[PDB]
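We have chain E; now place chains D and C onto it with these hints.
Read off the chains here:
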Amino acid sequence: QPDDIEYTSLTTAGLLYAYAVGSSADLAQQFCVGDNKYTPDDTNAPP
Amino acid sequence: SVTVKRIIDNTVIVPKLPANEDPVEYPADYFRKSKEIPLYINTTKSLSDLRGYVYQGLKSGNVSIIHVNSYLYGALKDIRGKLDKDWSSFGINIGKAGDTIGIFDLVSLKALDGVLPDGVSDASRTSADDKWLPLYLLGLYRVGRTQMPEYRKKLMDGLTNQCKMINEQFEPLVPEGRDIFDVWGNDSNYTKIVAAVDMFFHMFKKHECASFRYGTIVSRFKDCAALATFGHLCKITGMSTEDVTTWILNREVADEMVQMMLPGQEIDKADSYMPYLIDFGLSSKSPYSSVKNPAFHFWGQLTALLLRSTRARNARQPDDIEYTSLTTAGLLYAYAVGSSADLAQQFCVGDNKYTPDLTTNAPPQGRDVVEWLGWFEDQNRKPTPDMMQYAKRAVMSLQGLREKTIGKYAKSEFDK
Amino acid sequence: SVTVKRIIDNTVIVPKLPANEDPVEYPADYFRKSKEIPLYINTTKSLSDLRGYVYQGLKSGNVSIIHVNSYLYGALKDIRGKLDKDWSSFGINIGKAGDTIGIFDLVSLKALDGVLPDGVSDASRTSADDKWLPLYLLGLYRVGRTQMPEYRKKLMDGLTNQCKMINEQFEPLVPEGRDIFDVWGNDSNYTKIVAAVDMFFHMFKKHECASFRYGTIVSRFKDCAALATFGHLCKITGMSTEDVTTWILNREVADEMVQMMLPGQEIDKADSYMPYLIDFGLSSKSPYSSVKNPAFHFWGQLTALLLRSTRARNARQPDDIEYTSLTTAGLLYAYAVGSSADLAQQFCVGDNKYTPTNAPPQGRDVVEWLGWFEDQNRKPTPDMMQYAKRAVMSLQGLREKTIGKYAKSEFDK
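Top line first, the protein sequences correspond to chains E, D and C.
Under the deposited numbering, residues 318 to 359, 366 to 370 are what the first sequence spells out, in order.
Under the deposited numbering, residues 2 to 358, 364 to 422 are what the second sequence spells out, in order.
Under the deposited numbering, residues 2 to 357, 366 to 422 are what the third sequence spells out, in order.
It cannot be assumed that every hint is accurate.
[To be verified] To give an idea of the interface, some chain E residues facing chain C are shown, with a C-beta separation under 8 Å as derived from the structure:
| no. | residue |
| --- | --- |
| 1 | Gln346 |
| 2 | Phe348 |
| 3 | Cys349 |
| 4 | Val350 |
| 5 | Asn353 |
Don't read these hints as lab results, they were simulated from the structure.
No residue lacks a Cβ here, since even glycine has one placed at the ideal position from N, Cα and C.
Pulled out of the complex, with its shape left as it was, chain E reads as follows:
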């Protein structure tokens, strides 16, 4: 843990990035047999 950096803002930013990547997984079908899933159908809820 380096000295003389800006710990609080550096960690808030880390939290956000890790939380973004963290909750919304990649996740997409990769192989099929003529039968696949086209996904794209359909405030405080995250992106």
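Okay, now just chains D and C, sitting in the frame of chain E:
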């Protein structure tokens, strides 16, 4: 990839990072170059002098690896074994209709001369020989693999398998951790004898001397764990090989699964060279290793753990993979398989149950990827508290978890 | 073999995985080839010299297995035993109306000559012999099977069964773990004498010398546990063999049950060769083993455990089976049998009792119960989950890797 520009001053930046390499090497794409496997046993000097050099050289840390290879060759050219069918692999014909073949029908050459002790050595020993001395030398190859104290746990394998119509006792002295006999691993020519033995007795599974496998077996599928974990995943979920494949849900696992399934390699073959791709020196980076298949290794082992596997409890957690998305995908697949059981009547007495006669948030009825993927979109692509609870029950109440296992990862992540 | 294609770039991938083999070998499909069982006792040299070679060779780790076989042969050709009915198995006629037969009426040949110590050996010993020396040699075959310290637990079996009109004491020295006499297992010809003895005294169950079974018995149904667990499941649930069969609810258990029931094998037969399929060398992979019947083994043992079995507490948990679905099915079966008891008046004195949504079926019928399970979302009800907890909580002394430890860890929260 594209163009990244720095906003404050609108300048280009070209993000790049250090190169990485060692590509895997497939077995087939090697019988393209050569068409034989060289076994260098240079020195050939008295099948009976050798018996002694080793017999004594073994009660002290200094027996030449060059001497065992030479002894082994000599005590093993039992030209035994008769082919009922035909045997062929990678173009190399190793015997046909009816022939007899011996272990070393896998390509003998010889070389240089920096030999150890003189002429007619410690000539005390008789034809104890074949009966057991080779089985011991080969035995140690295995005891040399294992790091933990499981080693002496498995060196009693040796003792009690020797007593089979011959009975002596111990031999060496110094522990292990790779020092004494467990350096034999690195001798390109020692491993080759091991592979040849194991491959040969995997064909004539019923030979009288086939007991030799009893230390030569850890050669088969050495450095090919990804394949095994795949087979385990299939057995543990009851799914077919082609259905498991469809439940792969991440770019890098799919990349790796394609890697392992490349078509010219005889993986599904009966008795081929491919299991021994590493010890015959056909490959120096196995495409089937869990080190070269990290994402698939994590996903496959994590999934099997949630589905109640015991092996998965101790598998190793690779570095530099995408843990969060890899585990979300594992959770889904294990939850699918996990809640909707197979379950169908199998036998009857003229009286059977024809089955096919909770709305939206209730999960699919089978184990199909598309149904389940769709149900997951529906749920905000975030795990429902039930499947989160399902995971908790499977990992809570495990114990004895070693540091850095996919087991400890799983408990720490799910058992709050 | 349908078609898997990779969506991102629409290419074909051909999922395949390493081959596996060793098919089982049935007993019947072996008397198709040969029609006899070779017992090689090559050396035949003095029924009385041999008595000594072994008597001494036994107070030290070096007696030749070739010498015991030869001695055993010689001390055991008591041609005793008279058939009341007929005896016949697999086409092989081994005796008919009235005959007398001996143990070795199961096919003697001889061979090579790498013999040990000379001519007229340690000739101290008399006709102690038959009376007890063979019963001891055969005894050790059994003591050689067991791994744990249960071995000496069972070697006192030997001592106290010898004292029966002869009384001596110990003999060897070195422990076991497979080293001394427990290497005798591997001698194709030793096991064959064991099987022949046990099979012969399972017919003349009342012979004076039938006490020999008292170490030769672990040969019978060696490597055939699936059959025994089946019988146990039947006894433990009170159901018939045909009814238990209908409660099989998973592809792989049904596959395996079909495997064990293949019709030309004499499993249900009185005195056949089939129990000894392994030790007579009729088979080198038993179709009836629990290793070759893992799904059935788990399901059957787990179910018997929930119904209160004690054997089931220590059975081994096979790898590479489908644990979750296998246990859900077990839960259901054990819960059905478990809550609705048989229970019917059995005796009377002119005075008897003619008996006749989310509440479960009234009997033990698969269809009623399968339907009730559909009704419940194909997920176990909290009552049956609680039923399972009561049966496994309060067990103790559970060894690692038993279907017992699996069951407590899975149900006793």
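Hint-by-hint comparison with the structure:
no. : hint   : result
1   : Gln346 : holds (6 Å)
2   : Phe348 : holds (5 Å)
3   : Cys349 : holds (6 Å)
4   : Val350 : holds (5 Å)
5   : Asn353 : holds (6 Å)
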